[PDB]
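Protein chains: 2
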Amino acid sequence: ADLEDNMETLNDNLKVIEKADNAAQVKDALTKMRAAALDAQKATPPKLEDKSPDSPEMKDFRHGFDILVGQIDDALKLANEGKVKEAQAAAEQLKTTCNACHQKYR
Amino acid sequence: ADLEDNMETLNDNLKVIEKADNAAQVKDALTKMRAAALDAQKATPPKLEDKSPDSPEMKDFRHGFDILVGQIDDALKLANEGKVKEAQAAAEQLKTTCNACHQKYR
Ligand code: HEC
Ligand code: HEC
Ligand SMILES: [Zn+2]
Ligand SMILES: [Zn+2]
Ligand SMILES: [Zn+2]
Ligand SMILES: [Zn+2]
Ligand SMILES: [Zn+2]
Ligand SMILES: [Zn+2]
Ligand SMILES: [Zn+2]
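Chains A and B supply the protein sequences, listed in that same order. Take 4 as the starting number for the first sequence in the numbering used here and just add one per residue. Take 4 as the starting number for the second sequence in the numbering used here and just add one per residue.
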């Protein structure tokens, strides 16, 4: 689940509690709210994306995608020309980049 | 989409390109890979989670959930005693915390 999912879980269960019939129901809803709150707590909300400094490691991580996008663009130009086979070969070269990042950060 | 979703989109579309029928298909796959790469780029990968400082803003953001969990726990104790009505009233007080965070970070 992502932050958005967790908020949906919070909102849904709050409404359940408002319409709740008995203690068991309220307990069940509150328990799920607690877990969702703690999962949401670990996320970076969209409004604070790009507002924090990146570590050297985080900078290198993000740089891997700049490499990948450059290679995707190379393949994309071939696809737009209609060179199916050469676009498929260019895609295969992406795997080098995929693997390099994984080895460091997965 | 979170990082894990984006990687699934990358992996799926890479395989599509390998088995692709035509130029339009390869183009569609590559376009989605480019967007997924750029969406993934904004994430913090799990291996670098506990390795980065939180900004003052990020610290305050996370603190909001500690407040919420404390209030959920207050309501939960009432639910476990069987005080349905008082547990429902305690849940309503959560909304103050919900709203405060939203006003700052949503
Ligand atoms: C500490 C911060 C914080 C608290 C506490 C919090 N929220 Fe949110 N909530 C957010 C942020 C940030 C967003 C925007 C997320 C986004 O843009 O993807 C959000 C979005 C939402 C949304 C929009 C729809 C969705 O699925 O994302 C709803 C509904 C929501 N919150 C409900 C609640 C409810 C109900 C509570 C309390 C029981 C609550 N929130 C408590 C930070 C918080
Ligand atoms: C610059 C970094 C980086 C690049 C580039 C990258 N990956 Fe990943 N990939 C990751 C990380 C980090 C994870 C771990 C995700 C997690 O735990 O949330 C991951 C996870 C995955 C997974 C595991 C399943 C999933 O959905 O998370 C697959 C499959 C995957 N990547 C495929 C690819 C493919 C295919 C490419 C190239 C087209 C690629 N990756 C490029 C960093 C990268
Ligand atoms: Zn999660
Ligand atoms: Zn996920
Ligand atoms: Zn989801
Ligand atoms: Zn969702
Ligand atoms: Zn996304
Ligand atoms: Zn998803
Ligand atoms: Zn998935």
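Since the hints were derived computationally from the structure, they do not count as laboratory data. Hints are not guaranteed to be accurate.
Because identical chains share one entry, a pair is satisfied inside a single copy or across any pair of copies.
Within a straight-line C-alpha distance of at most 27 Å, the following computed DSSO-like cross-link-like pairs (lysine-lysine) qualify [to be verified]: (1) 88 with 18; (2) 50 with 88; (3) 22 with 54; (4) 45 with 107; (5) 22 with 80; (6) 18 with 54; (7) 88 with 54; (8) 98 with 62; (9) 86 with 98; (10) 88 with 62; (11) 107 with 88; (12) 35 with 50; (13) 30 with 18.
Going through the hints against the structure:
1. For a Cα distance limit of 27 Å, the shortest separation of residue 88 from residue 18 across copies, 14 Å, qualifies, whereas the shortest one inside one copy, 55 Å, does not.
2. For a Cα distance limit of 27 Å, the shortest separation of residue 50 from residue 88 qualifies neither inside one copy, at 42 Å, nor across copies, at 36 Å.
3. Taking the shortest alpha-carbon separations for residue 22 and residue 54, neither the intra-copy value of 39 Å nor the inter-copy value of 41 Å comes in at or below 27 Å.
4. Both within a single protomer and between protomers do residue 45 and residue 107 lie at most 27 Å apart by alpha-carbon distance, with minima of 21 Å and 17 Å respectively.
5. When the C-alpha separation of residue 22 and residue 80 is checked against a cutoff of 27 Å, the pair qualifies only between copies, where the shortest distance is 19 Å, while the shortest distance within a copy is 56 Å.
6. For the homomeric pair residue 18 and residue 54, neither the shortest alpha-carbon distance inside one copy (33 Å) nor that between copies (35 Å) is at most 27 Å.
7. Within a single copy, residue 88 and residue 54 get their C-alpha atoms no closer than 42 Å, and across copies no closer than 42 Å, so neither meets the 27 Å cut-off.
8. Taking the closest pair of Cα atoms, residue 98 and residue 62 come within 27 Å of each other only inside a single copy of the chain (21 Å); across copies the shortest separation is 37 Å, beyond that limit.
9. For a Cα distance limit of 27 Å, the shortest separation of residue 86 from residue 98 inside one copy, 20 Å, qualifies, whereas the shortest one across copies, 57 Å, does not.
10. In this homomeric assembly, residue 88 and residue 62 never come within 27 Å of each other (Cα to Cα): the closest approach is 34 Å inside a single copy and 50 Å across copies.
11. Neither within a single protomer nor between protomers do residue 107 and residue 88 lie at most 27 Å apart by alpha-carbon distance, with minima of 31 Å and 51 Å respectively.
12. Taking identical chains as interchangeable, the C-alpha atoms of residue 35 and residue 50 lie at most 27 Å apart whether they share a chain (25 Å) or sit on different chains (24 Å).
13. In this assembly of identical chains, the alpha carbons of residue 30 and residue 18 lie at most 27 Å apart only when taken from the same copy (13 Å versus 44 Å across copies).
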